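The form deposited in one PDB entry is given below as one chain in structure tokens.
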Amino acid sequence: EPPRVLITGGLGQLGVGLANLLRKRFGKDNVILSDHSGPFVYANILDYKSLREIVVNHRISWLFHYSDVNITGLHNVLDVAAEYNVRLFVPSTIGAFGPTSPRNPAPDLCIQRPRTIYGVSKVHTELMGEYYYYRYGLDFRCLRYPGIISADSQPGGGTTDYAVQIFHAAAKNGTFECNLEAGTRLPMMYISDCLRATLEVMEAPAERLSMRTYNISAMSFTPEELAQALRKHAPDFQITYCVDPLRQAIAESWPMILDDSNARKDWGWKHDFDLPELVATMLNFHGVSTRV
């Protein structure tokens, strides 16, 4: 039988995208979001009882956790998944690394002392999941996401915000004021690759996994390098710079490149979108011709 999937919080950008992907593979009624396109329940992650009820009723074999709210909720999610032999995905992030981490590149196993509350929670998310795998039988799988780039990111704000918003200006061959200093390199990945990796790692055989947390990467680039690749399709496009030190500080704390050697060697992870295929696909979602 194909898996039966739960996703939470499934109202987020990643949640919706993933449901679409997974519904296409397993069926519309095999993927249940939670927080018309398909099955949908209200679920309190914070309530173990509700969470237990859902898993049992709908016979859930796979769970993608995209949601103190983090911790109590994470712990709840961990407890339910372990008790009912559920394959659990929970994503991590490049925020899970800090200034004391090897930035160039960051390997899958290294120092992790993030100076941000989001980052610390994700270290904890990683460790708790692995702990549950080793102690109990929890099939825990975790991918560290780079900066995720998406056209439909009506959500503004974030460290990797410029790489989305920049296209709005480039589509009309306008000008863009960048939040980050010219030469600020960060790992980056287009949402298509990101969801595909999330699926793939959840399809991998257990024994081939040498660890349960993985870096995934596609590219790393700098604002001025993104502007270069943009001019391929809009030549008169200009890029000014007006820094937010709070967004720079956090950005400088993150790694420049993610080494994903293990993800490649263990479960054949490969990315399809480099900087050109990204730029093209993104500019296409605005009104721009990408033929050349």
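Residue numbers count along the first chain shown, from 1. For the two forms, the rigid core is made up of the largest set of C-alpha atoms that agree within 1.5 Å on superposition. First, how it differs from the form deposited in another entry.
Core superposition between the two forms leaves every listed residue (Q112, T116, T93, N173) with a C-alpha shift below 2 angstroms except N173.
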Contents of the next structure:
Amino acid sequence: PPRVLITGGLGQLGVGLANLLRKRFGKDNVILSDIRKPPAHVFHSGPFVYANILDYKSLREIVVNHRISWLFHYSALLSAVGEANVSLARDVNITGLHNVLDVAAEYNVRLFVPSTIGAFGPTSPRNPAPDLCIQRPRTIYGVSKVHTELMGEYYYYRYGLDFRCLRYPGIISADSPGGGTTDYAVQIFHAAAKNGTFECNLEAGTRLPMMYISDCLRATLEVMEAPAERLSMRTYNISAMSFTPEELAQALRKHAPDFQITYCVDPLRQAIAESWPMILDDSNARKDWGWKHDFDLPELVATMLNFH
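Let's compare: the form deposited in one PDB entry is above, so bring in the form deposited in another entry.
A lone chain is what you will see next.
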């Protein structure tokens, strides 16, 4: 049975991942870690430990002391704050990656690091985006994730490092601080129950790949539990659905016909939305290991409304 450390696990996805993994391995075999102070409920969910990813010395301690064998590298600065703070995002994303790589390599850890729809550029295929294609993002966040894919794979060929990487689409979850380019699709459900009116910051027909949190984490666990031999590559696209604000607004209106939508586009967020793909092609992920999504637009909307 494996001992798990989750790096930067107090963000949008981390807590959910902790819950899924603790159910699979036991409360005490999953160690949650971040640099921020944890909410009372999450601290009492199981072991939590302060971990600064830029501090390499501290990662060795934690991995040795807690006999960690599985690591999920969730700590990063995303496309939102990344652009405003290029120096720090470079540090946390690239130097942080190296440290996690080194520790896992030295101590025989199976390593998960997410990549993103932001790892693609304007010169990339967008309808759909395959697993192997031109990657030339013009965001520090994406560039660093391209680096994550390449470095991770190299460490698998140079050393026997068990590196596994899923390119997450925009993830939708119930109670998620703001964002964030794909953030409208989280906030919309808040305003749907609050007033019945929501101001959207992307164009009505901006198609992006999306996914419910349950699917995202289920994929994450599955690929990690997968037999090595069935993995022809180490970075996979993961896919569930693609939609637009307009298409989401209809699915909402199926339950709440009164729901009203307005628009005020943010050019900054709109510009990087246009640079991303519209659909993710996960042929390889479905073929190699048994990837199937459980949530599409109707059921995603149903569950999200069930939290209000």
